[PDB]
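Colleague: Each chain, letter by letter, is given below.
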Amino acid sequence: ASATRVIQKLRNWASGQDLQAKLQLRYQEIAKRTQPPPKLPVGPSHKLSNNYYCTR
Amino acid sequence: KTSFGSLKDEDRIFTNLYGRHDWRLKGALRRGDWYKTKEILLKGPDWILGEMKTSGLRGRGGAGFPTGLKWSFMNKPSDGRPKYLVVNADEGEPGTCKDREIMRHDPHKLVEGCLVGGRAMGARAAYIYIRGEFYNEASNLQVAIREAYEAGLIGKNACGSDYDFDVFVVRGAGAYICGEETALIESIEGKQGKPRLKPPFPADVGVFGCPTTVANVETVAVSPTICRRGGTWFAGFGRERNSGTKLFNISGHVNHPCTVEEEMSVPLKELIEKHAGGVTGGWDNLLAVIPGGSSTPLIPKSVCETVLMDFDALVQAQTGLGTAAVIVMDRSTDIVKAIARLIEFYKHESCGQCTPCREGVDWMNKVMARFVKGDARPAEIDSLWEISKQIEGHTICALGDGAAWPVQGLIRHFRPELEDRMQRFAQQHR
Ligand SMILES: Cc1cc2nc3c(=O)[nH]c(=O)nc-3n(C[C@H](O)[C@H](O)[C@H](O)COP(=O)(O)O)c2cc1C
Ligand code: SF4
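Sequence order for the protein chains is r and 1. Numbering of the first sequence is given in PDB author numbering, commencing with residue 1 and proceeding in unit increments. Numbering of the second sequence is given in PDB author numbering, commencing with residue 9 and proceeding in unit increments.
In isolation and in its complexed conformation, chain 1 is listed as follows:
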């Protein structure tokens, strides 16, 4: 295919995204979850990993790394240590609510995916690290897990497949950095949410020093549907190497901010004008879009005309597809203030372990506040660009990169706005 989008309801995976049906076990079984999962587990690890590989699913976390290869990293004989699946349910990133929606509305999809991924990698348990603020979502998840345990889908006979699997839910305590892979592992282990360096990779030394795999809720939840309907179908959706469906959270200055499920490689204009009701004031009133949550840079209207929603398409557009969180800003937006608020978010959410992110993100927050006030001179724009380049790639984890990229996008596109603010401040003071 050449044009992508217009995903059909019979092809949408998260059929209870809007909470209009029963989220409990009876409604999930009516919607088709837990179907032939015993047959899937008896087909076993290699078949499931091959299904994920031929589906070509990439990480919904925002990393974009292939799921089949990442899960086949744990397809090894055991050395006496237990093995663990860990489910990133924190959803800290701004603009993003898709994991919250599918946890509170399709929790049995998440439980079945935990079982399927744990069987595929070889695992005795899945620890779902949920965000600490999602108390009601966590309680709904525990209700679904109790239903699964009572129905025998989980625990000591996984749907009667002679496989033992446990699903635990562990709540966080309010840290965006605990959504990171290794920092999440440390938070489960009970220390501070500080990411650890790689190597060792979590497939070798992870939670409790055991081989483990951290996977996003959307990835885990689409795993059993991929196994049931085949990887060829999921690969048939989307473009080449950007395959399947995706949950987009369109927020900001749109008429209908919403979470929707749409095919990969949908045009951004098509997605907004179809599901968000368009920009407030119109497509001409559109100014900028942050397409992949706060960690991705912004793109102006001119390139937002024709851009697709692929990893590769946004990389060509000098962006990324992060959590598919499309934040829309119109002509009335104080764009410098919005980007400075994002940098203040990263300043408050840095874990402070490593020097470039700690000191530099605090520095960039101060510089961006002065940029909002206009209290700088245009040489500081290139100074801030160089500071962002010093932060990016020099940190333990990718919070430094996710703080450097919005600054780079703002400098790359809206530089005359910054210079105009500095000039207006200079002429109004002197």
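If we strip away everything but chain r, and leave its shape as in the complex, we get:
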């Protein structure tokens, strides 16, 4: 992403593809390495009634 415009035009002409739109090196678009804590949902059997195991 630090390539000069001359080298970018040279690479794009040599490959035939617009390489700068789809770079194979990740710079900033990736997720942050620290994330907010999750709160995972519970399954369908997490209920206090009508949940006898013989019926499922």
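Hints were generated in silico from the structure; no laboratory data involved. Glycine included, every Cβ here is placed at the ideal spot set by N, Cα and C. Be a bit skeptical, because a hint or two may be false.
[As the list claims (entries may be wrong)] Label-pair ranges, simulated between beta-carbon atoms:
id, chain 1, residue 1, chain 2, residue 2, range
1, 1, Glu-425, r, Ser-49, 48 to 58 Å
2, r, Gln-35, 1, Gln-431, 32 to 42 Å
3, 1, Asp-54, r, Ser-49, 52 to 62 Å
With the hints as your guide, set chain 1 with the ligands onto chain r.
Modeller: Just chain 1 with the ligands now, kept in the frame of chain r:
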């Protein structure tokens, strides 16, 4: 007949219910006890059992089982073991004082009934297991028994009928579970008050491993009057299959809480408005009624308008007639708190032998305390219903059923009250 109630004083059995006459032998003989009891005993076992059967008397204990069939379960030839009549005089159940009243006021009726039932079933003795807290009642019972022994009504010549019968009085030591049949048998035998499983039934293996029959004080006390006046009269009182008179203990939010004797199938509204002086604040101020002691569920005012006081009528009303203990709660009653206090009673009075009643009744007590505080969510209502259904029918004795039924009644009728308490708690905390 179609309408029942308005029992006449000449037809009331317990003529000294209020202690206004002499409770001793002279007053009892003036009131008509111990009359032709020798002739009854010479008529013998089969005639007495037929009289009970044609009277159609059902168990005043709260079980509701027929008395004639239950007593004819012991109409068998002896296999060398002695046979025993055992009289449930514990009266542990809340709301109920009728056995106390008739023990301290008509004890000679109880003694004569012990003799009649023991002769009918074939028995050398009747052990009256009285409640441990009823010390004065037990002492009055012993005074009456000493009078009967001195008069020759009891002991080695039962009123001169060449029949030997002894009446013992054994005091409990404070356990509601000892009012149960088999637990009472164990308590007499000297162990803890833990009910034993059936089979064997007590008519086969009971107290001291002998054939025995446990019967309520009211049942035993109305036995000799039934024999004297015939079973057709007692069957003529009450509805079909719910026959005779009954001692009702009306307590709670009524103007005159009292013990009265009234015919079976009396309307509940009629009984309250006639003998209890009505609900405090009026029939519109009535909220709920527990009609058969704590073991029966509650019924709201809407079905209390027209319900009768029968076993079958209360079964149709999704209740039971237990000890005929009518506990009345008005609009100011914290109904959830009252039911939780009942569940706390059952938690303190469980004998702890068997797992569903032990663990589940403690669990239901904790859940009901949180319901009173509002500290739950409405899914726990259905959870508590399922816990009650797991307790009911899975226990050794019927204390589990008698603890599951009030919870079921509260959930069945006053569910929006529980949801409103939970919502108010939730909005006042969050
Ligand atoms: C937990 C429990 C407690 C009971 N407490 C009493 C009691 O205090 N007095 C009583 O007469 N019956 C009590 N009973 C009911 C007895 O089963 C009943 O009295 C006994 O079977 C006598 O039968 P009857 O109703 O035909 O006279 C209790 C039952 C249970 C399950
Ligand atoms: S139900 Fe309760 S009181 Fe009855 S035997 Fe079981 S533990 Fe004892």
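Colleague: Does the beta carbon distance between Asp-54 (chain 1) and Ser-49 (chain r) stay inside 52 to 62 Å, or does it fall outside?
Modeller: The hinted range 52 to 62 Å holds for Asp-54 (chain 1) and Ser-49 (chain r), with Cβ atoms some 53 Å apart.
Colleague: Honestly, do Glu-425 (chain 1) and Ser-49 (chain r) meet the 48 to 58 Å range at C-beta?
Modeller: 19 Å, violated
Colleague: Is it true that the C-beta distance of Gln-35 (chain r) to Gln-431 (chain 1) lies inside 32 to 42 Å, as the hint says?
Modeller: 35 Å, holds
Consistency with the previously given hints fails for number 1 only.
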